[PDB]
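Encoded as C-alpha cells, the following chain is the form deposited without its partner chain, with no partner shown.
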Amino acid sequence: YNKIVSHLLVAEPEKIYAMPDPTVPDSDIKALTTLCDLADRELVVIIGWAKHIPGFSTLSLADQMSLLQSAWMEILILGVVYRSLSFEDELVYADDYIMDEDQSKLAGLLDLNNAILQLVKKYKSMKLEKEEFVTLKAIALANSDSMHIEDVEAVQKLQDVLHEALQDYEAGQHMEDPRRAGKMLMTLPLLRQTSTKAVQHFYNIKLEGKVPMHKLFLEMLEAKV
C-alpha cells in the first residue's frame, strides 16, 4: 500500500516497562508515581519518533517543539488505547502494568480511565488496524493546534501529506467503506477531550506536591496548562 504508512510502521518504537517498585506498598501515590515515571521515559521516545515523520525535522526547532508540547498527551493516550484493544475493561500502560477498575479507583483515575476505555471501545468496534493507528498518531501530532506556530504553511503541508496517506490507505484497503477515513478522523475529538481533561488532572497533582515528577514530564505539563 501507501509508503508513508509503511515508513511509520518501521519507525514505531519498542515497548518500555513500567517497573513498579516491588518493595513499596500499593497506594494511590505508588500508582501515580509509576505512571508519571513511565510517561517521562515515553516522552523521550516520542521525541525520537517524531524525527521520522516526513517533513517534521525540516520545521524549525521552535515549531517542532511547539507541536510536541501540544500533542504529547494525545500521543501517550493513543498508545495505551492501542495496547488495550484486545483486553476487556483493562488498560495496558505496559506489559508489567495493566490497570483494572479497582486500581483506577485506588489511584483516583476512575473517570479519566473510563474516558480512555470509551476510546478503546470505539476503536474495537471499528477494528482499528496498526496501519491506521500509526497514521492517526502522526496526524494527532500535526493537527495539535498549537497557538505558537511560526511557519503555518509548512505545518498545514505536514497535515496534508499525512491526511493524504490515510485517505490513500483507506481507499486501497477498505473499498467496502468509502467513508472509513472520515470515520477515523471523527474519533479525534474524543482523544482531544480526554487529553485536555488528563492535562488538568495531572496538573492538580503537580500542585499538590505529594507525587514526585521528573523534569521532562513537568516541563511538558507546564507548556500545556
Second form
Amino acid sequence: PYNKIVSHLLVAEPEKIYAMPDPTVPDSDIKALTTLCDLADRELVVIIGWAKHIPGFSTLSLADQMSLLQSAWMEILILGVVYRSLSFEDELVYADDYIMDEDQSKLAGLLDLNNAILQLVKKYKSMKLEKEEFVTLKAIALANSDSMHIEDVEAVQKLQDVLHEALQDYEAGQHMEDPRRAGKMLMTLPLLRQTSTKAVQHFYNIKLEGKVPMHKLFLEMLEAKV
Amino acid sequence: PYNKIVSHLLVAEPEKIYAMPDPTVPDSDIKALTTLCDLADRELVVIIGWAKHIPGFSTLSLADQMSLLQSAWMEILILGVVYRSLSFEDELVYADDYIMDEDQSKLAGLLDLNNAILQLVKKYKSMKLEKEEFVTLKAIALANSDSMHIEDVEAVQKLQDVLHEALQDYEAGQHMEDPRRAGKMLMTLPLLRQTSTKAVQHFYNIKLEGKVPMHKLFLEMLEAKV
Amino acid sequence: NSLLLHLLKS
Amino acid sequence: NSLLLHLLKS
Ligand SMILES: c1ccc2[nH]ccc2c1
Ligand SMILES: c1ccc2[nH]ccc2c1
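And the form solved in complex with its partner chain, for comparison with the form deposited without its partner chain?
Time for the whole complex; same chain goes first.
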C-alpha cells in the first residue's frame, strides 16, 4: 500500500472535462480564449467540490476556504494542464479535444504563457512526476497559496503540515533511491506560482478589453483581490 | 559543528551597505525610489561576488551564471530586506539608515509591494528563521530561479541538489524536533518568487516612466528577458 | 452574493 | 558589452 491521504486524493480526482470548441465558429483568438475561459469556469466548479475532500479544508472558516481557493485556483488549473501534457511534446492538453501547439498558442496570444507552462512540463517529465505526486502537489498548492486574507493562520499552517507530511511519507516509501525527492517536488512550486500569477494577469487584461465572454464563477475568481 | 556549505555561505556573507539618502533633497517618492535603486545597484555588485563563493556556480558557463543571476537577483535583494527586518514590527530595514514604515511605503508608491515583503517577514518570524537558513535559502533561490535560458540543465539541477542537501543536512542536525523543517523552508520560496516578480514589474514601470535615475548594473538586471 | 460561497455551502 | 559579464570575469 501507501499513504492514505495520497490514496484519498486519487479517489477525489475529478473526471475529465471536454473543451467542446464551437465547430460553427471561425477559428480566431476570441474563439480560443472563449473556449479556454468556458473550460476553466466548468473546471472551477469541480475544483471547489474536490477541495472539500481534503482533510481539514472544510473545517476552516468559509472565509479561509474562499481565500485559499481565490489564491490557488489558477495554480490548480495549470497543474492539471501540465499533468495531462507529460506524455506529449511541445503541446498542451487543455482537454482531450483541445491540444494547443505553438501555432495555436501564437494565434491565441498565449505563446509566452504557454511556453512557461511547457517549462513546468519539461521539469516534471525529467522528474517522472507520478499521478500520486501530482494530486498531492495540487493540494499543497491550495494550502500553501499565501493569501493575505487568512483568519486562522495556525489552522492553514497545520493543513500545509498534514499535506507535506503525506508527500514526505509517500516519497519515503515509494522512492528510497532519492531521499530528497519530496523536497525536489516542493522546489517545483515557485515556477507554478510564477506561471499562475502571469496567467491571472493575462486573463484579467482580457477581461478589461471586454471582447471575450466570461461566465460568473470564472469572473468571480479573476476579480478576487490578491 | 554543522554543514560545511552552510558554514561557507555564512563567511561569504557581504558586509552591510548604508543607503545614504541625500539629506539636501526634499523628501518625495522620487527621492525614496532613487535611494532604493542606488542601494540595489551597489548590493548587486556584492551579490555577483558572493555567487562565485557558492560551490559549483563558477564552474557553470558564464551564460548560465548570467541566467541564474538575471532570474534571481530581486529574490536575493528581497530575502536580505526580509532577514534584516525579522526583529522589527511592520517596518522594512532596507539599511540601518533606511527603515521604511507604512507611511514611507505609501509616500514611495510601494505599499502593496512592501506589504507582500512584510508577509514574507511574518512567516519567517513564526518559523524563527536562522541566519544559517537565510544564507542557504538565498543560494537555493539563485540555483532554483527557473531561467528559460539555461544551457546545462543537468549542471543547474546538480547545483540545486547540492544546496538542498546542505539545507536538509543542517535541519537534520540542528532541528531534530521538526523532521519536516527543511521542507517548510522550501515551502517559503513561492511567496519570494511572487514578491520578486511583482517588484521587477514595479521597477520596470518606474524605468519606463523615466523620472527616477538608475545606474548601469541595476538597469542591466531590470532589462533582462524573463 | 458570491457563487464561490454558494458552492462551498453545498 | 554587459557589466554583469565584466563583473563575473573578475
Ligand atoms: C489557463 C487558462 C484556461 C484554462 N482552462 C483550463 C486550464 C486553464 C489554464
Ligand atoms: C527592492 C527594491 C530596492 C532594493 N534595494 C535593496 C533591496 C531592495 C528591494
